[PDB]
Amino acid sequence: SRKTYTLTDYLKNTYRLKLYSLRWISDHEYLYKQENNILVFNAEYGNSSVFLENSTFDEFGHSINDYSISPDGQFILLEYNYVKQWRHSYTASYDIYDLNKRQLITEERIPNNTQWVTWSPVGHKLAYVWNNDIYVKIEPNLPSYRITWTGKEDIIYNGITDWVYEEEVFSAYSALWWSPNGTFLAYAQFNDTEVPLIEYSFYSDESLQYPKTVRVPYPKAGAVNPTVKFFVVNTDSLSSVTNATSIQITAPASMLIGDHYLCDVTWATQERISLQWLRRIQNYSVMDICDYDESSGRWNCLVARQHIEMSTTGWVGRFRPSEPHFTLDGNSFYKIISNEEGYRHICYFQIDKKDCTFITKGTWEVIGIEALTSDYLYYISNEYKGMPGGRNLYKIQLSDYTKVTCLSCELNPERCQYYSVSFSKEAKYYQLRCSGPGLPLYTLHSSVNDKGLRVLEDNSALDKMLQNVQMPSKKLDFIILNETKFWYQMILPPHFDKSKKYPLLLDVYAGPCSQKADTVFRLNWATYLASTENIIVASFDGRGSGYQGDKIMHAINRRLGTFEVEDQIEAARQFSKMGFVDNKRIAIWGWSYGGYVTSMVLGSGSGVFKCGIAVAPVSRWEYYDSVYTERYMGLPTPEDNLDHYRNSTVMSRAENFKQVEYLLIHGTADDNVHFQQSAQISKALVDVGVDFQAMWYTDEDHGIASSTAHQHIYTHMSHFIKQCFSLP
């Protein structure tokens, strides 16, 4: 009798997950916004106070989009007139509110169209980027000191990243790193002069008479990449009129040999910076340790103190070289690295010593190092119950690596099997965030004896609403393919009954290092397909998938569009032999990498799939960005990996699409996976006389996330799938 979870429930967000996003501000307090008051909370006791009254900024005269409070708490940054660029980049205007007075500063304001701004870690110095150059303000109401003069739109970038660096290398727009002191300001400079431009039309509102042409410096696989330089400036010695000096730190000679990337920057102490470099052929990386010289005022990077990682099996790291976590004295650090068995585990490195010491081991992987004090290293892993799709927090006593406690595994075991965490300063307290399989649960904890303090949000409201709906359930399990375990999940209709045959939709991603079978709770399209349409929605993690060692993850090295495509096909075959799936109605779908795989699968000739939908697919690896593509495929030259670049396009399989119903969807302002990609798919299908269905989304990007396009795309795909499956 209860209602079923509908498409409109998913589209209009009727059943909302409650969050608890906080920001630690010391070792025992955090910020949290409640009824848009900015509150501070005391971790030990739970009492809270109003940091910034909800009311303040009513008469400000602009919607305020975000805020950033100075560390040594005298000022707050108000961000307004936000306009987005890419995934992380944007432009905004900024005001500064002096808290020890009820006053906005009216002088020497951060300019409009500022590209990035950051407080120093302690105090209240500011650094920002405007017209691609860096400026520094020692006091909020004083003139800034201009640090760089070479900034030039789409060409020279100081303190911010260009397109590939934002998106693929740093996952950030920012390229500024303050000293822990606030003394030094380090920054990167990117030069894109000879990087070729992607060009596409942007139509805008109907009033625009001529379409705009967007031009973005974007290196396609094998193309000229941007170069990079690294600098450090002393912020304590600046002059009102005299030009600031930037000291350059040069990449090591083993990188200057050819094309390379700056992949990570980390201050180990007030006087030591760690720079992690990577070769364009992403086989070799070097961490350089650079020390400030009292005498010279320059920075020395001793060659014998370089740390080097290489891979024979594939590439370095998952999506990048892993982060180094330094002990307080900066004399040693911890880092995740692939062990001799090919499983990622924590290694202990001492700076002027060469090898490292593994401190964890086994047939599972450390997902991340989350905190480090002198007594303990805290990390997240998939160790628990041998479930690669689960995640828990652990604690290692550094005096004996065998002394390891799981801090979250048994807290609430049927409801919580996927945790992330956020530690205060010095790791005195931590917030735990369980993401499933039950409703998300956010808790607070004390480190001394790992006692539970409270419960921050338990989603009881959602719980009450959900009891009135026929929610689907989720099965997480594995099949054997050729001697090996491969995991999958199924989202099953309510009142599931295995004596019936349900239509099956295989929801695929399957890019290198990905994981689609897990223990997270989600309310999504699949929820609606199972709850209302009685469709089984399955995801499978095959070769190339992550978190289960390099034998599985690297199987696809230099070979995209191969075993990962095959494995999705085999999984669907096995699913078909389960008494409960009807083999006449198996479909497949995905987005991005999932779109490519869906396309390759539909073009395989397998006969297993009746229909599929590819949204914003990659179609040919030569059309994709250098950093991501070359990492897995090398260079598209005859000298290297051209042949497989050519053998692994969707277009080459055009003829086999005659056996299937295909829906191809792409946003025309996709700066990431260019619309070109799908344009070449349709052209090939047309050259061969194959009929298929299509939809472009005007001015939409890779997310197709504007509110109306999002409703529209899922509406269209629901129609397509219902008809494929003969559902009214």
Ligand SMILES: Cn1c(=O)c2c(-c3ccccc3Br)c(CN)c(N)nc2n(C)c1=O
Contents of the next structure:
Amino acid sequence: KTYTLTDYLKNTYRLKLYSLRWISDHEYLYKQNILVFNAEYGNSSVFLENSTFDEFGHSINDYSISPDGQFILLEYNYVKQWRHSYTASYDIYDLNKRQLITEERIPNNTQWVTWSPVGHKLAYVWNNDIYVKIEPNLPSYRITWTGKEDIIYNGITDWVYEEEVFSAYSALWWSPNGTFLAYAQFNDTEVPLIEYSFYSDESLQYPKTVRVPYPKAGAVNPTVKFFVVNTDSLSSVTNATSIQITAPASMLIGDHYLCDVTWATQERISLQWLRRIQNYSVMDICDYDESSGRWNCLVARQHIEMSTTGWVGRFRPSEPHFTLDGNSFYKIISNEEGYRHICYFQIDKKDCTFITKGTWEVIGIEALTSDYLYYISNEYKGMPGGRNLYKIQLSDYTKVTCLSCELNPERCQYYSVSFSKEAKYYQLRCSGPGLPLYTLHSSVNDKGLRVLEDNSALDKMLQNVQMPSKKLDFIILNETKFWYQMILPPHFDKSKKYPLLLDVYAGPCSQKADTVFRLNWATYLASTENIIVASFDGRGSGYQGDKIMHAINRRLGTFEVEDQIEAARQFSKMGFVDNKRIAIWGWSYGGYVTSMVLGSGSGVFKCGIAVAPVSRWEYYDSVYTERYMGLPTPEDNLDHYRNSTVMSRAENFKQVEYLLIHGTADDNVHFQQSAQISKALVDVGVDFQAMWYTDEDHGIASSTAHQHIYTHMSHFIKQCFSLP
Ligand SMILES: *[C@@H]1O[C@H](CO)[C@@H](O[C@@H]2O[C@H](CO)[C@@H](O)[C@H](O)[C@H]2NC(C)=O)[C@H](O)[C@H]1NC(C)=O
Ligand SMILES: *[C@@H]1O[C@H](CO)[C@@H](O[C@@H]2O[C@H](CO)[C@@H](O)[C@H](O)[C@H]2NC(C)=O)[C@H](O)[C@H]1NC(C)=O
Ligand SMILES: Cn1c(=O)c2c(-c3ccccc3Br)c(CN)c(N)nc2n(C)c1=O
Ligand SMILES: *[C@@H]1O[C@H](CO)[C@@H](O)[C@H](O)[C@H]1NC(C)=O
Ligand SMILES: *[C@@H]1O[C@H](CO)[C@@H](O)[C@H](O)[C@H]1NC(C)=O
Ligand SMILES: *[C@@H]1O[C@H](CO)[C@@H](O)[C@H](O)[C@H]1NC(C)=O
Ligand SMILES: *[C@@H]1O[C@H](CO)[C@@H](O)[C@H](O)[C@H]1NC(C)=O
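Form solved without this ligand done, so how does the form solved in complex with this ligand look?
Starting with the chain above, the whole complex follows.
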């Protein structure tokens, strides 16, 4: 048998995880029941029994233990908002007493909750205001009084910061020992609202108009203010005093962003700011003052990160990782030859020394200790799509060990890692090319303690089913290596011609050609429908240097789009591809590229599918768009904004078969965008196929809708490829 569409839609073959929460330097949790394992022995005693909350009345969505392990916080009444943001009711359970707290509880509809990094201090955000509980039973101190729905955000992010800047809803940051609580405040007063209909249940007679403060390219952005409050000196008589840390002079000159908040030590905080034109960023190191009780950021402590050839950082400037004393830090910056590597900065010095070098990039700094710095890079065998954990010696930078390279070179080439509190032990997470392999290691002698999850249960199931393989190779364009990957059908024959579907994302810093193992839509197409599904990382793709990544700076919808067309052209010359049946599909940014590729009138692609695509950049949000495009004004980059629209390629769709799909409640890429494509195709007399998904957002992640879309796409693809 083969991996069917039903197999994918109904999760027939499930990949087992081993998700763990580190609690101390040698202990971690796991849900079977809630067990607490040991890194030393492996013995696990139950921390909270499966049905300790049998008589609770509510379905517990998530749990949160305080760092001292005295209290557990229970999350229920989950009402998802955007990608990360949501609402939930909260209850605190005493572990040393075994009972819920009934007096002065966390109110219904709480936006965010967080324990202090040590002890059991609690900070929550309700109605856009910040509250603090020193004890779980005592009443909370209201920190901010400015919070206003859709307008003022305290300790929580507005739409744009959540999606594009912080990849999180929370804008609260406890100091390492929970003394201070650092928070941002967003102001959307003048940010225009995106409005769309929400039809809701059949029972709703008149559709709801959802109105979200959302800054489209070049529109009035939110403004950010930072504050730090002293939770140890809070009063229940007078209002909490919140010390402001104003952005540097070089940022207040115009529009800016708060892009990073990292605590250095107990009395030292680092803030990274970014100009609206995102090629200049500055880090303020701010120390706490004694008798004045304020925060000072010495101008000589300012470290600038900029780019002449593009934008600063990959999506944002990388975070700093401070040494224990906080007088030095390590962060990832692009070097002189364009490659991103770890630089060792001195708090007082302007220059930094690169501790890593080469034609490959560092993905992230994982752990910093007294002796070693741990990082993940794609250095192994020069494969940008690989991931390996590396140890580097601080006293000598030439002393670099690979902790995951030679563990299992065959099945493991894509690693992520989870270090314990003081990095004494780490959990390695293998994601491909073989089945996912979760292992636990001791960082002292680097020995392998035990296999946590090998996915043998899945392995035996898949031995029976005809599975597709992955080819991960590179082509040479203009004397430069460009990596592609192919999900090859089972019993792959080189002499037989195959239909090829080109899976596309192609966004700036994208990587679609990697060593990860995945069971997805492509797996079915290769397995059951015998379709080669291929992905290609061209100009604009990440993890290969700024030379390749910035190639599409201020020029979105050009070089990355030509490169998908060129990839498909290169694949035709490979011999095993049917050039009469080549298709292309993408989601989000991929949808835009798909559209653009089909609108190019190249002739390569017979048909395509764009899902929730960007139609033109003035419709997408400011932060992401202007990072690559700049402002849509005559004196900046308006010419290319106008030239890079899919609507202006409408005429060309007469040569191709198009399926446009979009959700009606898409907060991310508004249905507007597809509405303008459809209208454009309609005006030039192009027959195409469409599909809206009522009340579905950008993920189109409803169980029934997910199933529907993929089934609908499968028909389109099969119909296009002459498959019954
Ligand atoms: C957030 O910004 C808004 C708009 O920029 C501020 O609203 C202004 O407030 C001042 C004084 O309070 C008034 O004189 C202006 O007329 C207001 N402008 C508009 C159009 O509303 C608002 O005060 C800021 N919010 C806070 C308090 O942080
Ligand atoms: C702490 O600050 C809040 C907000 O400024 C105060 O509450 C306001 O009180 C003033 C007059 O005392 C009223 O004009 C506002 O309508 C109140 N806003 C609300 C409902 O929060 C509060 O009194 C302050 N606490 C003290 C006494 O220091
Ligand atoms: C496919 N894809 C993205 O499109 C994407 C996008 C993106 C780009 C343009 C339009 C909509 C989105 Br969402 C963004 C920007 N919000 C992002 N941060 N990541 C993306 N990824 C990982 C991603 O995989
Ligand atoms: C493992 O056994 C030791 C016995 O000394 C004990 O300290 C530890 O709590 C046990 N681990 C768990 C949490 O089951
Ligand atoms: C939340 O509201 C419900 C009724 O809508 C109520 O029963 C519950 O006690 C509330 N939660 C608290 C403790 O505020
Ligand atoms: C937390 O750190 C602060 C600031 O350095 C210090 O005043 C205090 O001693 C620490 N608190 C505790 C309880 O360790
Ligand atoms: C930022 O980009 C603009 C054009 O987009 C350019 O004129 C300017 O020089 C850049 N700034 C820096 C610091 O390189």
